[PDB]
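Take a look at this one chain, the form deposited in one PDB entry, written out in structure tokens.
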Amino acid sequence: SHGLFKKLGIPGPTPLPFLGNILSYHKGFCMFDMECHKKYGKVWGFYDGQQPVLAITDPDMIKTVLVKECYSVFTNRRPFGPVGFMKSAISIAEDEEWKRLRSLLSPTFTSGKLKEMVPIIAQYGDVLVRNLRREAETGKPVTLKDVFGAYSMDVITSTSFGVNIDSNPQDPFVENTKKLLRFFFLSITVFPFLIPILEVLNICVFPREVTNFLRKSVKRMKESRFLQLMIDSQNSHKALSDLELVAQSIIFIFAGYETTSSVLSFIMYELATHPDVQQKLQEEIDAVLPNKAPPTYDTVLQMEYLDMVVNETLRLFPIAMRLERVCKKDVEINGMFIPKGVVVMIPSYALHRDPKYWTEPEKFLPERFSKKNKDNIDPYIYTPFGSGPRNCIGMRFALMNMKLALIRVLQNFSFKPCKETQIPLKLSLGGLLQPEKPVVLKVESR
């Protein structure tokens, strides 16, 4: 079983009997991918405990798994139990049930329905520059994740649950959300055979107290009246449960919160270490919005450079680090055989820094994304939101949301690196991609 990749002739780091290669994860997922890439080349295999994982690297082979053979063979992500009623959530859902849930949720993510939402999101822009200005008054350097955390939290909770929070007020609905996001898992990887053993017991990774509260909180709101567009949905190929509704709303918190605020801390870090880029971006804002005008959907999508800054940050810091897809059946793909059961992984972080596709990959250069160079960028090497039918269904919201907050904060302030800033940046050698040390900067009002 640990002889699968050898048998098939695929190089890979050698596994220990039960742990597979999980002890190599001590250096973080990113450096693990980078080293394997540089060492084993185009394709490599390893083991998360017992699970064969096959990393792939060819834009062609990637297109086949992420777009072409999506519905037929590479439909699902790694299973993860035990999840109870959350198996109804779109990111957890598998096969035809996922197909159905995805179809029912598209209409909720169109640009337009999103344009109809920028106002809701704009409220929280003010709230963010205020908290930011308050910390700037003090005269001391700012830990940005306090405010970007709060901002990301507020935008995501608002849009998914109705409630309109200024968290400031940090003991109503906020406290359940905090308790939901941050929760054994080491063990689950060694023994996926222990997952069925736990689901029988009704043991679930999402805490029942909170889910209940959240389940109630939507029943109340559904009565006293993304949430709306899902209500819209329940009136009219397929149906859509009340329990499935709340499940998508919880999932939106999980997907939108930490990714968004992480990206903002990174984006801010780079503008601060690259003053001529911050300068040019503020120059752009001041041209499209003459004197601190309210940001608009139609306005944002007219901002060339900003889109290049956001994209180049995601190139160097793709929060999900990898894309995964389970292989349903024996497949021959662009002249390579993949057996059923294997997890095919796309190493986004590593591919984003491959000297074959990017010149000087370590350096931050928004130019890569300029009108000139952009059309040679491979859409299967650059994947901060994944690709195909099972890509990030909230990609467009997230970009709009980040940009909104970027806009408001940037026209009002300016960012120098101070004393306690990390130079150069260290990355969280742990979970989802994050600065290893909270980003701290000097925030002067302009």
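Superpose the two forms; the largest set of C-alphas matching within 1.5 Å is the rigid core. Residue numbers count along the first chain shown, from 1. First, how it differs from the form deposited in another entry.
With the core held fixed by superposition, the comparison between the two forms singles out 202 as the only member of 302, 202, 110, 279 whose CA moves by at least 2 angstroms.
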The other form holds:
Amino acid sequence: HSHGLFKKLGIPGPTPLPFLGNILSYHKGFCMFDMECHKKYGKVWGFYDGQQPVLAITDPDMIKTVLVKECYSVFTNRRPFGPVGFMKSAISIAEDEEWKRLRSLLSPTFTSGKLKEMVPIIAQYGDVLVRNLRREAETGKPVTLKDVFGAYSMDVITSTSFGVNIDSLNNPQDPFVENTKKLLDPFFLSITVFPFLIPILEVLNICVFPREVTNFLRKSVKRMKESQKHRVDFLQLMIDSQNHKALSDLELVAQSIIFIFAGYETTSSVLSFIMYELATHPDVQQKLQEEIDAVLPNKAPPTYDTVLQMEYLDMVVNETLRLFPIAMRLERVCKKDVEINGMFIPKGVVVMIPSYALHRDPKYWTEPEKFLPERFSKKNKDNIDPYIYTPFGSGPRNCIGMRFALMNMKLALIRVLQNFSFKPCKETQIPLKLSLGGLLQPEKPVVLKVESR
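Could you drop in the structure for the form deposited in another entry? We only have the form deposited in one PDB entry so far.
Below: the lone chain, stripped of partners and molecules.
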């Protein structure tokens, strides 16, 4: 019973209940609990996720030492997570010399050279979504964004794997779309109060990934493994290293699964938050629709170079990620006893960075609740501390697919705004009350109208 660790180091925090800790404070979500703890205890505080002590830091120098400086030596892995089954070899779940091995073997797959060659591949499903998006513009019915974007994000992330060319929104039955789309609840709440039951669930072969499909995705990838014109994509640029070194056949499959759990919901959710802001702020939607027509006249198809050229588009993507950081938190496990930026961090304490709260702190942001894309203009690019705004993390273990996610979301935003306009509807929850659950989602699916240009 080590619930007195934060009163021992003189670090303030809410009163933890026995065994439970401060998990009852999650009744308002992580975000509201992070904002209240920030406006109460200040720069550094602590709490307990059961018996797990979590130290929160908000100083830019302290965040840099944890994320960048002493990352390899001290803060290398995130908090343990189980049960995983055979999926502990995933890079986002791997630890130590297995992770840095996997990090290097998968780093060249996210190179701008490899990314410029993926432009014609993922540009073939933007017009696919436009065809499916025109279906509901003439119907006159409001459109759920997570369903149209989810199909596009699926057809993009699958074509970058090997890949497969499906029309997910028009084909909701092939044995590869529904098989995949199975991607603070009664289960995850118990494994935090009872982390000692995790080794039990592993010997029972129970996993958070239902292994009714993973073994399919094993021998469907083993079928698509080996059994001209084979070009840039994830599985190919991972199979070249298949023939510290080499990637097991099962390890490479785990990295293919983690990329789908990586790109699918994260791309579609952020795209949903972007179209909500463009609807609730039609002035931003018009100024963006004019920079697209300027860089790309005549509804020209976008290229790799023309996307980096649009600056007001990157300002819209960055300002939406500030209001809706889908990561919410950034966590690192303290390996040994260190003293960073003044204070001493004991061994085994999870260091957490409240990304959602810092993105709405009035000390760094003017009108925090407002959606002001001008916050990221070249006139204002420098008034932003890089260690306060981290929607993709920072340091050696940041988002490995940041350049892919930004290019994939922007390419969809361009060809969608080239043909469609967005004016809010009645069912539109305004202001959008965020999901009080355990992941940054809309409480009710973002349902908006869709019109044609």
